[PDB]
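The chain contents come next:
There are 4 protein chains.
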Amino acid sequence: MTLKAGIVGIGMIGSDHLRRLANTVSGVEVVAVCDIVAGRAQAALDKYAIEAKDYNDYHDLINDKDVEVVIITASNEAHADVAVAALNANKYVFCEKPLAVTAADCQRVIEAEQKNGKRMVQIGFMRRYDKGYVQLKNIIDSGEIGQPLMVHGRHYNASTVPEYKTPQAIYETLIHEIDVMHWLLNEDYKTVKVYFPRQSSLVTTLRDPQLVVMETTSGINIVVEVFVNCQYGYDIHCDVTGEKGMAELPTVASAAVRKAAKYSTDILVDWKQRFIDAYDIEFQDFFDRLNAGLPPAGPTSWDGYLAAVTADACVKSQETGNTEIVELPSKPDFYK
Amino acid sequence: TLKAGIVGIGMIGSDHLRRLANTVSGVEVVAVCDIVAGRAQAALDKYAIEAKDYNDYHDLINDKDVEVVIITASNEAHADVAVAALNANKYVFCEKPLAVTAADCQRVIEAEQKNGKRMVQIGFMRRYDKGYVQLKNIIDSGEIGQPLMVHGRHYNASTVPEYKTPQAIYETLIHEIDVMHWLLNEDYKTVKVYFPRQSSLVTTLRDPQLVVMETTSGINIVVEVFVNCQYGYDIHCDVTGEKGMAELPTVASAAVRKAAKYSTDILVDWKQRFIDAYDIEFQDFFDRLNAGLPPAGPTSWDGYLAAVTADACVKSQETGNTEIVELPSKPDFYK
Amino acid sequence: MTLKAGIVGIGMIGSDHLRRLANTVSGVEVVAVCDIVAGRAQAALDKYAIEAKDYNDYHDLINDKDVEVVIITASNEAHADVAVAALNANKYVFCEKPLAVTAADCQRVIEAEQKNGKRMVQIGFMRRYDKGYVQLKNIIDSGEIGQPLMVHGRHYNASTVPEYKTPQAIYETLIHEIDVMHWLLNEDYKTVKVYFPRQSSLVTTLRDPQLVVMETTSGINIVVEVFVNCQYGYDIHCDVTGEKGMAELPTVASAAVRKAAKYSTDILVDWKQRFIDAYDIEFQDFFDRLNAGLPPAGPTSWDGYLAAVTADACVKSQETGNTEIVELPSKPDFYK
Amino acid sequence: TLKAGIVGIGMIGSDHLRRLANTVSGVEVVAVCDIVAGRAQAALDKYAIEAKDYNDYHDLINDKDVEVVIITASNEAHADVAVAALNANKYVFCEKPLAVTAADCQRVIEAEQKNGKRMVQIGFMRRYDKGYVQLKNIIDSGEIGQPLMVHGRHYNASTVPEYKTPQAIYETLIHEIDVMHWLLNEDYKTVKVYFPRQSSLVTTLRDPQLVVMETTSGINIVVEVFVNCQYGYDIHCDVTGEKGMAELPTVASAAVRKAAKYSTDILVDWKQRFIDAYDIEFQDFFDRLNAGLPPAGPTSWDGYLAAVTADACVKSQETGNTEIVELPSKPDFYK
Ligand SMILES: NC(=O)c1ccc[n+]([C@@H]2O[C@H](COP(=O)([O-])OP(=O)(O)OC[C@H]3O[C@@H](n4cnc5c(N)ncnc54)[C@H](O)[C@@H]3O)[C@@H](O)[C@H]2O)c1
Ligand SMILES: NC(=O)c1ccc[n+]([C@@H]2O[C@H](COP(=O)([O-])OP(=O)(O)OC[C@H]3O[C@@H](n4cnc5c(N)ncnc54)[C@H](O)[C@@H]3O)[C@@H](O)[C@H]2O)c1
Ligand SMILES: NC(=O)c1ccc[n+]([C@@H]2O[C@H](COP(=O)([O-])OP(=O)(O)OC[C@H]3O[C@@H](n4cnc5c(N)ncnc54)[C@H](O)[C@@H]3O)[C@@H](O)[C@H]2O)c1
Ligand SMILES: NC(=O)c1ccc[n+]([C@@H]2O[C@H](COP(=O)([O-])OP(=O)(O)OC[C@H]3O[C@@H](n4cnc5c(N)ncnc54)[C@H](O)[C@@H]3O)[C@@H](O)[C@H]2O)c1
Ligand SMILES: [K+]
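Chains as they are written, first to last, in the UniProt record's numbering: chain A, 1 to 336; chain B, 2 to 336; chain C, 1 to 336; chain D, 2 to 336.
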């Protein structure tokens, strides 16, 4: 059982995923490739000795009858248009996070998806396939630590380039916690509040670090410290305090050395290494289900819409200096 | 070798009585005092300690043998006892908190200043815990750069029915209020108490509580207080600086591999956590005093600062708003 | 560039590797299969929905013109015959560990390999591909802890079936340490000694635990505790003390729980989980090199001979109660 | 209050002199003794202690004032001082080792039995370490079932030139020899010293060493000894039972994240590792005695066992074979 995939957007992760889908994920052949920049797509096909047809306009890729599944790794600005066109053409869609920046752009995709009467979209929030997050999820769902009450998270990264501004702390970075905490706790957010701790004097190009207080609808208190120029490495923390215990996300194992009065392990520096395995796992799940004839079971268009709205309210909080309210429609039955 | 009189032989009083007589060098207990008749003598008898008993503390203070006054009485007597000792020109070791109100702290401060000699230490013992001294030294060395964020936890297994919402601040968070300020060498400008969803296992107070405190330079401190966390007594203190993070250690435990689990022990009894630091704070206090030096632990000023801060905290519990911490200029006397 | 594989021996691990090779490893296609038990091979084909020629005699699998690579997952007793026949037919060989039980059988494969006059054999000692082992190796080789002097290892397993006898603690279990420590240290063994500590009163089917002292040629002292009915799970330790520090092998990351006065993480119980990833990584390296037109770079026929002779001395030490000497010829230049 | 005289005011002598006058309750130091002239008094001078200074320990022993003799003299002197003290009917706290030769241990045992009363404690202080006590409790509860294999490490950063190959046993491993025996409630039957490849940074002794010991019931004990490991002072002790493993903790340290490393401190100064066990072993001793109870620490018989086993280790270094530990029957005096 094997499925035909077209990829739109052969940028940084476009290539990566191109390599993945032809070489690592089973039940999928890449038959079509597409980038708006002239040499791009073919250049990657060349890199990997992959044979696909190459299209400059994504529309012809989606119209290509070979193409059964559309994979969206293009720039955010493009996401909604490509997704809508795929859904209107009755094709499945894996779309990288975020679904789209605006709530409204997420709504058009939801609308396109429902007209098919069939769940057909998964979003690339890969942390849900990370094995440690899966372990944490199961501890929560087992009831072992009882009802969750408080959550403490850290999302730390060694440094940023100058073009990463204050809003990207939310849009690019926090967005992961936005999605993963929601999934861990099976709750939405009612409020968000971005605090600005003392500015790092190493950092001149954005406000950093930041401290976000989020309340879920039942009142679970989430604190996430975000420090994207913490200097020492890439470091994810997630602790959940329930009524009768606490559960802690593990980190990446390292050999340990005793040397010169110090007992030490490594902390990762390259952010891409942290959830690198989950990319393959999330696609493998997606392709296993579609090939089994079942709907996707990962993050949905609705999950993408949720994240967008929550991220939006955090950014608003940055600007106004106030707690902001998260406003969301009823979860459509379609997504239940 | 200084001669001490302990005022108030209750739960902590008797332990301090045993401690000063047996574990601390450069001091001997010459008098004791409690308003519940028998109490003071019972403890004397229990530990086979010979001291002059006093029912009224004024006599204990006037006693020409008593050179140092240790205050282990109920919060209400603190300020009254402290003031008299200072007016008698005697040194004071007072258990935390300094006093019930900010104004009582002001009363001690003025009595201390009238002696024109720094003479009071407060029993905020965490500053003497070896793990906190290590964390402080790491912060001060510049290893992690300038601190910008702090995350703390003060967890306890369960509380009795009598423990009320304001006690989360007054009895429990008070320790963090003092230790964070000492760690960072700053004061607070704002406090905010958030109440996460209420634990179904607790009906006698609001629990847990999440406190967000800002220092004068904008350092952000988050502390989770969960006094019915069920699992034990657990203290966390992580400091994120500009280029590193420093983590307070916990109590070492032997580790076990069995039935598919690797585990260590978490403390249950809150009294065991900083037990060592009582002996250490006292040894320091008397080593300085015997050496002709002023006390160098928490000052009357530190206790006033903790009072004002706790108040804003309790006021935040009530109002649902961020509350401002309002302080007068620090008097040079405390510098 | 893709190579075609016949797999001889579709048993517990053969079915597993049949699956990985077909579905997980790129640059390989499985075109043929063989097992001695009627219908066993085809059952796994069916199980996994893979099309391959099914042969009853491995000779016919080897002689099959589509087979370029022979994967040997048969019973130990068959390894040498299969490997020799595959080399005799100028096909590459991947062979599960051990290469063979007897030195003389390892020699037969060595001879057949050298008759080809090129390096064609990898043995499935998968620990060398495990990420923690690779990391430990890099610390050693960088000189950070200085010259290695002493090593402490543990190979623990929760329990064994009655069929598992005293010699198997060496043949099945220690064989992994036999090979990996030699790789870590770049040395052979000059002597081995098996102590029998106090017998576990929970164990009546073999002598357990066992404690093994091995000396490398330069005098590096290696101690390995083997407890295959330790009850608590599957647990691998490896510590290297050098002249100026110590390096410790990591274990499997686990979420941690604070509950009822205990702070804890999980210990694995299923042995197959521990090095599960290293299977994929080992074949992926094997097939990449082969497709690059390069010789395999994993454990060689000589490494399989080394492990055999050393295991034999350990078993001899079990029987005699004495330290036994490891007797080896000179490493052929062919294996350097 | 019991009255103590101390024989031998060297490194440890003067430290114990400080301990017994300062932080141990129920003991007064009334006499000291060192053979190097001025030595003893200089130490009394340092810590402002009033005490009678004797050149001859016989004199110290004959004081109407001295009830307890604390022996902190060179090993060579131990048996004579102890025999004499027990002869004059005085309690003995003796630092480890009891004596180096078994014959000298036997003389102390004979002296003690002639009193028909248990009177000697030995300063194997690890038994009072809080981590070893927890380890012991875990073993004894049955959590890990019957112990079968032990792995221990005794690492030290570096040694001075005067520290020789036999000292790896007599000074260093002696501690494991005693504490494994107490943990397991068992004696040894065989010992074997392996010599791994010699550290190139060590020219003055054979280092590291790897000791395989077998208890009477066949529990196998491996101890790695590395007294020039370079990195610090590091004690490891893992006990594998029938159904689990228990691990000695180490000294808790604050943790730092910085420059791509997560790290904690390893002690460098060997004296800091069990520093608390000294106060505790003495507090136990004097408590027991003050309550009219026999000492409950390591006995003369434990010192005898340590000596015989160490001897066999040193004999194994020399001969390169496994050596047998030959033990007589434990007298009932010591049960
Ligand atoms: N951890 C993760 O899930 C992960 C990591 C990084 C990026 N992403 C997401 O993946 C997406 C791609 O990011 P990137 O970092 O690879 O960016 P990129 O700029 O490197 O790649 C974007 C590519 O899309 C192409 N493109 C834009 N519009 C197109 C259109 N109309 N038709 C065809 N191609 C078009 C661009 O030419 C470019 O090659 C982003 O949406 C990003 O948020 C996800
Ligand atoms: N970790 C710590 O630093 C710590 C721990 C426990 C208690 N404390 C503090 O120690 C103080 C005593 O607490 P406790 O738990 O022992 O309380 P307690 O109630 O057991 O003891 C107080 C005693 O003082 C006596 N007393 C009250 N007023 C007096 C007066 N006018 N004159 C003489 N005696 C008087 C009471 O009769 C009582 O016996 C409190 O301030 C408390 O906050 C600090
Ligand atoms: N971690 C590891 O690398 C690892 C793990 C398990 C097994 N192994 C090894 O892999 C090999 C197979 O082990 P297993 O547990 O799958 O054994 P198994 O008994 O489950 O399978 C062996 C199979 O080979 C077949 N066989 C025997 N002779 C044959 C022949 N002449 N032609 C075709 N098939 C023949 C048998 O019919 C049997 O099905 C062994 O060498 C074992 O040591 C390695
Ligand atoms: N961790 C421990 O339990 C520990 C640590 C250090 C030393 N020790 C033991 O403590 C003892 C003393 O050790 P140290 O390092 O202080 O050595 P040291 O050499 O500094 O002290 C020995 C002292 O005793 C004196 N002395 C020798 N013979 C004497 C005699 N006949 N009469 C009176 N005094 C005599 C010496 O002059 C010297 O002052 C040793 O037995 C040693 O093994 C134990
Ligand atoms: K906005």
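The set of hints was computed from the structure by calculation and includes no laboratory data. Hints are supplied without guarantee of correctness; some may be wrong.
Calculated cross-link-like contacts (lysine-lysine; reagent style DSBU-like; alpha-carbon spacing at most 30 Å) [unchecked claim]:
{"hint": "1", "chain 1": "A", "residue 1": "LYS272", "chain 2": "A", "residue 2": "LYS97"}
{"hint": "2", "chain 1": "A", "residue 1": "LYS331", "chain 2": "A", "residue 2": "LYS316"}
{"hint": "3", "chain 1": "A", "residue 1": "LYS137", "chain 2": "C", "residue 2": "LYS137"}
{"hint": "4", "chain 1": "C", "residue 1": "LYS53", "chain 2": "A", "residue 2": "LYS262"}
{"hint": "5", "chain 1": "A", "residue 1": "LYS190", "chain 2": "B", "residue 2": "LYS165"}
{"hint": "6", "chain 1": "A", "residue 1": "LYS244", "chain 2": "A", "residue 2": "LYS272"}
{"hint": "7", "chain 1": "C", "residue 1": "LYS4", "chain 2": "C", "residue 2": "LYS47"}
{"hint": "8", "chain 1": "B", "residue 1": "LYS97", "chain 2": "A", "residue 2": "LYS190"}
{"hint": "9", "chain 1": "C", "residue 1": "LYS131", "chain 2": "C", "residue 2": "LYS53"}
{"hint": "10", "chain 1": "D", "residue 1": "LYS131", "chain 2": "B", "residue 2": "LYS137"}
{"hint": "11", "chain 1": "A", "residue 1": "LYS193", "chain 2": "B", "residue 2": "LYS193"}
{"hint": "12", "chain 1": "A", "residue 1": "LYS97", "chain 2": "C", "residue 2": "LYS131"}
{"hint": "13", "chain 1": "A", "residue 1": "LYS47", "chain 2": "C", "residue 2": "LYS4"}
{"hint": "14", "chain 1": "A", "residue 1": "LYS272", "chain 2": "C", "residue 2": "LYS47"}
{"hint": "15", "chain 1": "A", "residue 1": "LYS244", "chain 2": "B", "residue 2": "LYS193"}
{"hint": "16", "chain 1": "B", "residue 1": "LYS4", "chain 2": "D", "residue 2": "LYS4"}
{"hint": "17", "chain 1": "D", "residue 1": "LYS262", "chain 2": "D", "residue 2": "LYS4"}
{"hint": "18", "chain 1": "D", "residue 1": "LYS4", "chain 2": "D", "residue 2": "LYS190"}
{"hint": "19", "chain 1": "B", "residue 1": "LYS65", "chain 2": "B", "residue 2": "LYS97"}
{"hint": "20", "chain 1": "B", "residue 1": "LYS97", "chain 2": "D", "residue 2": "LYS336"}
{"hint": "21", "chain 1": "D", "residue 1": "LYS97", "chain 2": "D", "residue 2": "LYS262"}
{"hint": "22", "chain 1": "D", "residue 1": "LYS4", "chain 2": "B", "residue 2": "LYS53"}
{"hint": "23", "chain 1": "C", "residue 1": "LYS190", "chain 2": "D", "residue 2": "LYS193"}
{"hint": "24", "chain 1": "C", "residue 1": "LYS53", "chain 2": "C", "residue 2": "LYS4"}
{"hint": "25", "chain 1": "D", "residue 1": "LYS47", "chain 2": "D", "residue 2": "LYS272"}
{"hint": "26", "chain 1": "A", "residue 1": "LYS244", "chain 2": "B", "residue 2": "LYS316"}
{"hint": "27", "chain 1": "B", "residue 1": "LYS262", "chain 2": "C", "residue 2": "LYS331"}
{"hint": "28", "chain 1": "D", "residue 1": "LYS193", "chain 2": "C", "residue 2": "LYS165"}
{"hint": "29", "chain 1": "D", "residue 1": "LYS131", "chain 2": "A", "residue 2": "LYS131"}
{"hint": "30", "chain 1": "B", "residue 1": "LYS91", "chain 2": "B", "residue 2": "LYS118"}
Verification of the supplied hints:
no. : hint                  : in the structure
1   : A:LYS272 <-> A:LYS97  : 15 Å, holds
2   : A:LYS331 <-> A:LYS316 : 23 Å, holds
3   : A:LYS137 <-> C:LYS137 : 34 Å, violated
4   : C:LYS53 <-> A:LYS262  : 58 Å, violated
5   : A:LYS190 <-> B:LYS165 : 28 Å, holds
6   : A:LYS244 <-> A:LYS272 : 35 Å, violated
7   : C:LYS4 <-> C:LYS47    : 20 Å, holds
8   : B:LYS97 <-> A:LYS190  : 39 Å, violated
9   : C:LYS131 <-> C:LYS53  : 35 Å, violated
10  : D:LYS131 <-> B:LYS137 : 25 Å, holds
11  : A:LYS193 <-> B:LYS193 : 13 Å, holds
12  : A:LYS97 <-> C:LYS131  : 29 Å, holds
13  : A:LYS47 <-> C:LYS4    : 23 Å, holds
14  : A:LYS272 <-> C:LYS47  : 36 Å, violated
15  : A:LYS244 <-> B:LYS193 : 25 Å, holds
16  : B:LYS4 <-> D:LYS4     : 24 Å, holds
17  : D:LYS262 <-> D:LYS4   : 53 Å, violated
18  : D:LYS4 <-> D:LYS190   : 40 Å, violated
19  : B:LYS65 <-> B:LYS97   : 26 Å, holds
20  : B:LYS97 <-> D:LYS336  : 49 Å, violated
21  : D:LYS97 <-> D:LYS262  : 40 Å, violated
22  : D:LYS4 <-> B:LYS53    : 26 Å, holds
23  : C:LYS190 <-> D:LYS193 : 19 Å, holds
24  : C:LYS53 <-> C:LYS4    : 12 Å, holds
25  : D:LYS47 <-> D:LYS272  : 20 Å, holds
26  : A:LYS244 <-> B:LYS316 : 29 Å, holds
27  : B:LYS262 <-> C:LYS331 : 44 Å, violated
28  : D:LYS193 <-> C:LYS165 : 28 Å, holds
29  : D:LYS131 <-> A:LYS131 : 37 Å, violated
30  : B:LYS91 <-> B:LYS118  : 11 Å, holds
When the structure is compared with the earlier hints, violations turn up for hints 3, 4, 6, 8, 9, 14, 17, 18, 20, 21, 27, 29 and for no others.
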